[PDB]
Amino acid sequence: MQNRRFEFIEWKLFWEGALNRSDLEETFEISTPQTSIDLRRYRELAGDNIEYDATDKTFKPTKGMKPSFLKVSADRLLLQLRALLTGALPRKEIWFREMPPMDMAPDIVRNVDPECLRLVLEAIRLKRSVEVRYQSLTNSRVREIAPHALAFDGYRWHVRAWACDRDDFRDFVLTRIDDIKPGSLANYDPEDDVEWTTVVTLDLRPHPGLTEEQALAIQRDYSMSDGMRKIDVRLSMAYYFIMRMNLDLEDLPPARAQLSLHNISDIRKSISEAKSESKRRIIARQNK
Amino acid sequence: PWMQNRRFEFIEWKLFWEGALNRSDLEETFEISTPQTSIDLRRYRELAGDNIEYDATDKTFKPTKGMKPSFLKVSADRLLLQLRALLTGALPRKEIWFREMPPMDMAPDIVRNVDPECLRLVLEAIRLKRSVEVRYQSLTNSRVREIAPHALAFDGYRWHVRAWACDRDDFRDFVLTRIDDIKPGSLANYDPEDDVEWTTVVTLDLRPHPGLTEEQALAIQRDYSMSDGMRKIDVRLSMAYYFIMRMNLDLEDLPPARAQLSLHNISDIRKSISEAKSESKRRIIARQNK
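Residue numbers (the working numbering), protein chains in the order written: chain A, 1 to 288; chain B, 289 to 578.
Isolated chain A (complex conformation):
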């Protein structure tokens, strides 16, 4: 608990440049005696990481500040702000005294039914089916499915499931389930979903039609080393990532793609192999 108060001290010193005793009392429900104890024990242990400005009556970081308790990370903080903007993280867990002005891109899909999600979660947990009326892109029909995982593509949640009427694994968009009922026992093993369990590396590069000035900017945004960034992804998610990034669209102007997927052919081939390998495992299990 006290170490958390020292990371807080250092968080205030690093990102906000100043610390009051009242910051600790208000954020951690500690007494002013305890606050004086923590600053002293902190000063004893971090040395001249902290200084007292008698003018502002605040504690300030020294020029030599080396965090000793706090692992400083911009990506963790920026990620933490997003959790606040979506309401997933309450304001009390964000240590800013003053929040920076900010916004994010609205999430469009929402309004998931709790009972739908409850029944889906029960089926996953119990390794059971559910009967669903599912609106696909090709038809509405009643189907029995056995959920095994949840996947978020960046916009929508889908359930990864055994399709009981097809003896294969497929994705079902949660918002496209229009009626849901508890089902029966499905005989399947999730280890047979080779498209789910296989991880592949995406080979992302600047779009070959970019100029050096364009290519240098793209390399910096996506932290490329040696002109590329490798990203491991499940084959099931690689599809969503490829389509979402329009890496399937070959005729796009260079400035909109920014990226190319150098190994897109192997990924497409691997998806086809995963579906075929899955079928072989399914049949071999059903025959045992």
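Worth double-checking, as some hints may not be accurate.
[Unchecked claim] Simulated coverage check for chain A against chain B, where a stretch passes if three residues somewhere in it have a Cβ under 8 Å from a Cβ of chain B:
id: 1; segment: 170–180
id: 2; segment: 267–276
[Said to hold, decoys possible] Part of the chain B face toward chain A, derived, beta carbon under 10 Å:
id: 3; residue: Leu500
id: 4; residue: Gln509
id: 5; residue: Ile573
None of these hints come from the bench; they were simulated from the model.
Backbone N, C-alpha and C fix where the C-beta goes; we use that ideal spot for every residue, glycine too.
On the provided structure of chain A, position chain B as indicated by the hints.
Just chain B now, with coordinates in the frame of chain A:
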């Protein structure tokens, strides 16, 4: 106490989302003694009724009838969003009340590796309303520049700073990862309220792409919770550009199944963008004459 009410929402959350509650769940999650647990289970049954039963086999309490949360505002959207916060590491596992996590995954965030010192100087410039001179690789050239940050914006993939461009005499977005050198500047004479593209919110009128079949259109209407065949979403004009590009609503030759959506008022949004940009520049000039 409000302390206890948090324990009753927890009871109801476990009964609802997991279908079972152990005695150890209250003791482990809230560090309470077995006597206190007996009080809480008793007062819950007294307030929620005997809508619950104890299974000696699983060592769990299970609901008997149909769950009627009285303390917990059940929300799937809150939970799934909370799961997203876990997958990104912004929320620790200890704050998620699942005993066993469902199997899950998400699309990787590619941008990362922001310099912490860069963000510190950016955050300081925003807070003190000062400029910083920055070396920025834009899409058109790399150059050293003075910028006066006023807000941060996340487009869905990358973080950018919305800033006064002290030289271009306009407000613009700067990709955080494209700032390669940064130094503290002075106080800049600018008003964040002059960035009418930041301050203007517009409603996007999103509809299914008209080339979808009815069956395709019905699925798209369901995925994006359209009402009356449309979806309205409020967005800043500055952010509307990124939203349009992210959703490919600018690309007319895309197959309907890849677009899924169309933006019915795209011309008006484009009009609204141009008027705000021109008016912002005019407002800038009235200050520049002072």
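field: Which numbered hints fail
entry: Structure breaks hints 2, 5.
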